[PDB]
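A.B. asks: Based on the sequences and whatever the hints tell you, model everything.
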Amino acid sequence: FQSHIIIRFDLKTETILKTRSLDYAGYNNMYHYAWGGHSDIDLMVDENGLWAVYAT
Amino acid sequence: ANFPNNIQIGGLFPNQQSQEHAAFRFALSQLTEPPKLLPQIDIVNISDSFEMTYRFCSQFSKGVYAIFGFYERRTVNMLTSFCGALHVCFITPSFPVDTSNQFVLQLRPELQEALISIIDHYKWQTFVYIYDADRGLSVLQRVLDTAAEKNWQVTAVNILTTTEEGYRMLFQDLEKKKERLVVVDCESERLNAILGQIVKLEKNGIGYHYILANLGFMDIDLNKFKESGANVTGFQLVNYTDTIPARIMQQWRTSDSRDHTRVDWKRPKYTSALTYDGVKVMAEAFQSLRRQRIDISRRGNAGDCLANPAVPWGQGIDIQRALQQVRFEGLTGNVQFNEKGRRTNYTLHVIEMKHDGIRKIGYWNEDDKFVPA
Amino acid sequence: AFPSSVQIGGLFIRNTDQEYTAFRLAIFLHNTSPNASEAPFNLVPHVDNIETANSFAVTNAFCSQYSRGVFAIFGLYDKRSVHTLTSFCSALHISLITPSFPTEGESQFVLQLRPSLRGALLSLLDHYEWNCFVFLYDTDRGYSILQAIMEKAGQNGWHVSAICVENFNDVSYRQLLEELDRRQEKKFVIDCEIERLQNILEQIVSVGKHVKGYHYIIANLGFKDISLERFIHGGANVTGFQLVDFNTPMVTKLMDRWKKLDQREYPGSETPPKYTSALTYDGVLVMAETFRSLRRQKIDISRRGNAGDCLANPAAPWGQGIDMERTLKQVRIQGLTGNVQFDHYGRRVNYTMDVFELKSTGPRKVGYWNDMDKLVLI
Amino acid sequence: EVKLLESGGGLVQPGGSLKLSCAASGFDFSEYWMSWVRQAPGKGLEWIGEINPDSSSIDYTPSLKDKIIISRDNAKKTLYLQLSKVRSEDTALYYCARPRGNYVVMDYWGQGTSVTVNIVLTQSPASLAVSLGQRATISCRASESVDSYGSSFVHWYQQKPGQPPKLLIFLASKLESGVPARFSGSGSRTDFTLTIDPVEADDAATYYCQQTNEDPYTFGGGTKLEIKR
Ligand SMILES: *[C@@H]1O[C@H](CO)[C@@H](O[C@@H]2O[C@H](CO)[C@@H](O[C@@H]3O[C@H](CO)[C@@H](O)[C@H](O)[C@@H]3O)[C@H](O)[C@H]2NC(C)=O)[C@H](O)[C@H]1NC(C)=O
Ligand SMILES: *[C@@H]1O[C@H](CO)[C@@H](O[C@@H]2O[C@H](CO)[C@@H](O)[C@H](O)[C@H]2NC(C)=O)[C@H](O)[C@H]1NC(C)=O
Ligand SMILES: *[C@@H]1O[C@H](CO)[C@@H](O[C@@H]2O[C@H](CO)[C@@H](O)[C@H](O)[C@H]2NC(C)=O)[C@H](O)[C@H]1NC(C)=O
Ligand SMILES: *[C@@H]1O[C@H](CO)[C@@H](O[C@@H]2O[C@H](CO)[C@@H](O)[C@H](O)[C@H]2NC(C)=O)[C@H](O)[C@H]1NC(C)=O
Ligand SMILES: *[C@@H]1O[C@H](CO)[C@@H](O)[C@H](O)[C@H]1NC(C)=O
Ligand SMILES: *[C@@H]1O[C@H](CO)[C@@H](O)[C@H](O)[C@H]1NC(C)=O
Ligand SMILES: *[C@@H]1O[C@H](CO)[C@@H](O)[C@H](O)[C@H]1NC(C)=O
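Residue numbers (my numbering), protein chains in the order written: chain A, 1 to 56; chain B, 1 to 373; chain C, 1 to 378; chain D, 1 to 229.
Zero decoy hints are in this set.
Simulated crosslink set (DSS-like; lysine-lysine; CA at most 25 angstroms straight-line): (1) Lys150/B / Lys187/C; (2) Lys374/C / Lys152/C; (3) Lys174/D / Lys266/B; (4) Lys3/D / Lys266/B; (5) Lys176/B / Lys152/C; (6) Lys150/B / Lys177/B; (7) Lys360/B / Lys226/B; (8) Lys85/D / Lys65/D; (9) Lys259/C / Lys274/C; (10) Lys209/C / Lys150/B; (11) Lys152/C / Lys177/B; (12) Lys253/C / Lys365/C.
Have a look at the derived ranges for each label pair, beta carbon to beta carbon: (13) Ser84/D / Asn365/B: 52 to 62 angstroms; (14) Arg135/D / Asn192/B: 31 to 41 angstroms; (15) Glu14/A / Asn45/B: 56 to 66 angstroms; (16) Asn169/C / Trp35/A: 30 to 40 angstroms; (17) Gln134/D / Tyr345/C: 47 to 57 angstroms; (18) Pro41/D / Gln251/B: 34 to 44 angstroms; (19) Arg264/C / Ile7/A: 33 to 43 angstroms; (20) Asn192/B / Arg326/C: 32 to 42 angstroms; (21) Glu178/C / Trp35/A: 43 to 53 angstroms; (22) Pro317/C / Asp23/A: 29 to 39 angstroms; (23) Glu175/B / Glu178/C: 33 to 43 angstroms; (24) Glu357/C / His38/A: 57 to 67 angstroms.
Simulated from the structure, these hints should not be mistaken for laboratory data. By construction, the Cβ of each residue, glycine as well, lies at the ideal position given by its N, Cα and C atoms.
C.D. replies: Right, here's the structure in full:
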């Protein structure tokens, strides 16, 4: 919340492992989508792996 | 409970010293009902959209429920958009406009149709329309379109863009023919200087029929236009002979609490009556909200006005419906708004003055049109 | 110590694909330039296509661009968004370069690229000796043309039948045309939007008034961009104005790149550029010229401390914004629309347009209108 | 400027009812309500009675309400006040005045006459004497607020013995109409001040500061002004 920090959380063991910082990314409605709503960072996956779409 | 004990009402006033502010304060002081209205009045330049939107956002963040203020041609679209987006009601006595939402309650009734009916009654076919640029050009379009259907000859003259020499040439062209017909559509504070210009260097008498397109006929000094053959026809919305307006003005006169500014007299304006009735419709709407036991109180402090996922509060539609479904008798008469937020089902007293005095020649309605009397 | 990257703002409107394409092409041509003097910096555009929700969306976009630290904003507006955008740009000392319809009230921090169309229209209506005609107009671009026409009619004794066709449909267009032909009205002046003008022309062809004996004057800055094919065969009198000269070395130099562009990478390049796209290109050139002139003036441009919220309790105008506006009003460049030069009100001054007429072979250049030389015929 | 005529001042019998004729010439009482004020010799004025412009309901003095009854007609513009059991101290100078809130010119009190049958303030200097054309300043300290409901709610009345009192400065924003006096309220005015410049022989009268902020409007001790030769 209110930070450019990507957090990995376990849904089975309910613990924390990694809390990294997305380098040079906007947060708190800085680079949101057209609908807004604090969507500055969008995390997705595909057949090649894990990708993050943001703005710089 | 049903309604909060105190309800915050914002206000955007052009200046601190005005008769409208005195009417606002007196109408607030008159009410004694359990729903109390706490006013937050800010002096804001109405010709600047940045200052007006800063005041609007500050009042929205403060937690107001409705805003009573004035606008201009520059800030009408901004106010309409913000009220339609944030679902905040705005009650205004300013000039009506066609581009508006249902959240803007315009207390001033329209006049673009009564003027056409009056012109048609007088069988006018060639006339000079002197209009003000910073007052809305919808009435000018309507006049031009009606001329296009009815093959009239309208000479459109702007007040700002015409100097004294242009007025002299125009009026010489008017006295070239016999029937001089002029329709003036301008506000009283400028119509006074306009009429002084007409009576000082130009002249009238035995002809020169004027139709003054304004809501107040007693608000202007017609003594200069008196003692001559010029005929003046105008519209009157409020007259101080009926029981309710006379009682309200008598309570205003013998007020234990002294009013602000300097005076409240010397040709009182109809905008003060519109402000009084705006406070009254606000009060009756909030009392009707309390009567129906519909919850209006804010569940949490309002955030920033510029939130991109701006969701509307759920009580805004109820507030707008309560403000719209109002019918009472006030200073200006029957106050009733249609589904579009403008005043409907009203009357104007058509008053003519032809070197004898004041004579009412009929009245104009939205259904019966101009009925002579 | 001028910054190597200068941030500019871009605000775009619904149906602005081609003007945005021209903006991007101009950014490409400025950024990747072989000459080191043409590009001593790099333009960074912060672009917002809002699909306007009036002043709310305009204010949101303006605040979003203002927080990023832009120096000037290249934005468009309509009748519902000109006042709020101009007031926000003037209050916060942010320059606004606009190719949209010209205005009069806004006199601070506004540079309008579109020239006024009242002088050429009045000169054409008085050289043609028109005294009784029908003016079909709309209020999507202001009231200046209608006010000027009514003032000229009052001062000259003309008979102008003014009709607003904003809420008119095709059937109502046909009824209006038949009614006007019944009153023996054959002289028309049309001042409407492009789609509305095309619909009016289609209705005119539908009722059959494109035959000889009917005269139409188009109050548009682009005459060759209007599909006038049936009017050539019918023989109707059509007179119009053109702002960009296609037989200019700069314009054909641009057109060489325009026909070589890719549609899938530069959308809207499948058609020749309109006058709005040419004004956008000229505006980008004007921004580059004024930034270079600010570089030559040893003025260190920066918005490090002014980046924040627009609606702060104390107004915090940009300190160097008046320098940017003074440098912007002093430019005099040569571009697609000819001589681009501005007065102290930020309006177009010293511009030349070409008055064309429709003949049996096509549009024929008849004359040219200049600001100080009025209408000169060939 | 409306005209007020009041004549017929004379002694009466012991306990006999007395009446004063107050005629509003040039205007009517419907425009401005007529109020009667009683002032004793060498003492501040007291509100004897307040009437209405539409002749609906009338008031009386806060000290003696039922002891005096005043009847006024706006259409005839005539007011008459009567009382019972008149004593030596009850025979004071009664004067009628139009409402000053309508206009500056409307603040024209009647002539007033005497027979032989609030607001607290202190004005300084009590003894003032300057030559013609000089500038005079008098400070009237008050224990109440200097301004009620934002604007000032005090006034200065230039009264003389046997002459009709006139209000020169009212509410520190509207001076006397018709004849514009050079002395008027200005500034914040914690104490009521009015700089008279230049002075004149006709401008020599007793200036009393009455504050309308404190109910009711009662004339204070005031300051005496003359023309030094
Ligand atoms: C309320 O806001 C309006 C803006 O809508 C203010 O009007 C603006 O006033 C300024 C001066 O304070 C004008 O700037 C000057 O314009 C003249 C040309 O008229 C130019 O020669 C000067 O160099 C200077 O730029 C500005 O044009 C004007 N804007 C308009 C009329 O649209 C108004 O002053 C504000 N009122 C108050 C009491 O603050
Ligand atoms: C303005 O009003 C006067 C008064 O009614 C009009 O004068 C009348 O004109 C008609 C026809 O010209 C005569 O039959 C009447 O006898 C006139 N009445 C008087 C009292 O003189 C005058 O025509 C009106 N002006 C306009 C332009 O309609
Ligand atoms: C237009 O306004 C008039 C004035 O108030 C309305 O007339 C009132 O109607 C109600 C209900 O029909 C009556 O109880 C009142 O006695 C009427 N008052 C007067 C003075 O006649 C009229 O109903 C309104 N019309 C509409 C369509 O709302
Ligand atoms: C209008 O534009 C023309 C150019 O089209 C200006 O003529 C130029 O004037 C400058 C001097 O200021 C010369 O150095 C150029 O060589 C001229 N260019 C020519 C003649 O093609 C003209 O001065 C402009 N007028 C105004 C009033 O700005
Ligand atoms: C004034 O209002 C009264 C209300 O009783 C009405 O009878 C009269 O006709 C009105 N006068 C005018 C001129 O409208
Ligand atoms: C590039 O253009 C500029 C401006 O005309 C000129 O000063 C410079 O010499 C040019 N450079 C080259 C390498 O031609
Ligand atoms: C049509 O245009 C031509 C060329 O300008 C002109 O000579 C002719 O008079 C025009 N005819 C009409 C009917 O306007």
